[PDB]
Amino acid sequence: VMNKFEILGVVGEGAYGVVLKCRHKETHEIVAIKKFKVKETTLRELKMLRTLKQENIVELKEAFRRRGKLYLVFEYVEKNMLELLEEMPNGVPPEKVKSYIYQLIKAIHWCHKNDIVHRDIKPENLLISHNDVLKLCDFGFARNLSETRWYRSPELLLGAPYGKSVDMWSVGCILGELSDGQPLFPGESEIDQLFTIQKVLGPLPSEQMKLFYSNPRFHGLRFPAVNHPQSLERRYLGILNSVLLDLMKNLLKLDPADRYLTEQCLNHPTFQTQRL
């Protein structure tokens, strides 16, 4: 309990709840304890965490209860990518961009090999250790395939069926943001998110446009048609080199069927080239 764990400070508080940085009084291990302000989502996530146990996935260590309140004890990692971008608001060095995107793709590759899509990859849930080791967490929106809006693919925004390609979109968004510090698609609403995406990449594919009208969620709403699209080439000139730009264009294909999945990404020149 807080019998056994000393509270060192507050890591975060939000919609997720509250995460405390704590220390075991007997062993002196430092941990992250998530306290809740039990639901199906929690049980689903714990199952996935066990399946995915690995050095690039946050470890759940134990669960306990104090007077009916659930506490989950995790591995503690010193920071997340969101905090890192606050410290470096104009982006990180190109070497660190490649290392974090490599590691993210490797972690997603492991999820996908286990038939799990994460569906909510964003800087806030990418933990980065003192040794620069990236780890994934926050599996509450994840799905097993056999059964805030800024990083979501257009097909997920529209309510379409989805597969492994959903996570590759998020990778492309993070590649850009690590390079210049700026969120690539900062929409203000679901509709404005679709607008912001097309403002860069041009009109959505035919099937997605049809989904806007067949999905009753958008009944009577105005489709956000784009005027003069900008292009990734224009958006990232002087930010991305041609090799990273090439990779980014193939992560951010509007049609999920055209996106590179993880194995193809790892065969890309971005990761296969060796500094001389």
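Numbering follows the first chain given and starts at 1. We call the rigid core whatever largest set of C-alpha positions still superposes within 1.5 Å between the two forms. What changes on going to the form deposited in another entry:
- For the set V243, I30, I239, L46, a Cα shift of at least 2 angstroms between these two forms, after rigid core superposition, holds for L46 and for no other residue.
- Taking 2 Å as the criterion, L20 counts as shifted between these two forms: its C-alpha moves by at least this amount when the rigid core is aligned.
- Taking the rigid core as fixed, one finds a CA shift for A257 smaller than 2 Å between these two forms.
- Once the rigid core is overlaid between these two forms, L60 counts among the residues whose Cα shifts by 2 Å or more.
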Second form
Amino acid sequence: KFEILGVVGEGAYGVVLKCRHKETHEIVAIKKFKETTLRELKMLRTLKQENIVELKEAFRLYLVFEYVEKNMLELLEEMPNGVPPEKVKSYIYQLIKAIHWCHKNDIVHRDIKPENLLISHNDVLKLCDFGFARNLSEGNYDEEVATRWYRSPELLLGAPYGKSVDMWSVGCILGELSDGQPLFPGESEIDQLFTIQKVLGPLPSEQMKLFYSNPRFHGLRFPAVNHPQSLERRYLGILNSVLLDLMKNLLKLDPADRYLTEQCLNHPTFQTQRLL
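Shown: the form deposited in one PDB entry; wanted: the form deposited in another entry:
For this one, just the chain is written down, with no partner chains and no other molecules.
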């Protein structure tokens, strides 16, 4: 028996309520729709880790989670020019660890964004909202505008979703943590491709080819950018150079060049950081 304290969130995932056990006074988040609740519960049972939100119990279907005090979106609102470089590295390390556990379990998250990065009172980052996650050994949801800001160009172009594009989202979040700004804030899909090339240069031949084969863009003008800026220039005086290197290998335009989790966690940036 839970007393309802408030609404945590509502969307494609459904409705999450902030609740309190009438006996223990513990605060929880209870997820119900009105679907993919059972899929999420299965993945949540598989995915147990310090950087993944804990599912505490299920009943009649409703999922009861640990309630977490904040997300990254609120953190960037309180610190609109970025967080300290130490905190940028700490949060990206923790996020990478959570994605690593997902990927080792053959699960791709598909919706990494500041909104689903919970930051506990002890500053522990936790990933949530597996309502669009997929197991690659099966078959097969999606989201809104803020959720394309973190999407790789090949996905904007319609490629299949895999471990690479979760790594892309990590890089976008790395940048935004460092200066508070969305890195590729398109106002539409096309303006997103422009912003991406304005930083990283022209998409590889194959992505442009998808641009002309994809009827979403029929008759549309390709956003050619003459003079790309570069991330070194984009983040000069913001990221230290080692972490900048890590971000350079998360944001390779060709998904085949992107570091996956094992390589990310082995990067020099996190050498002293893994220990703590």
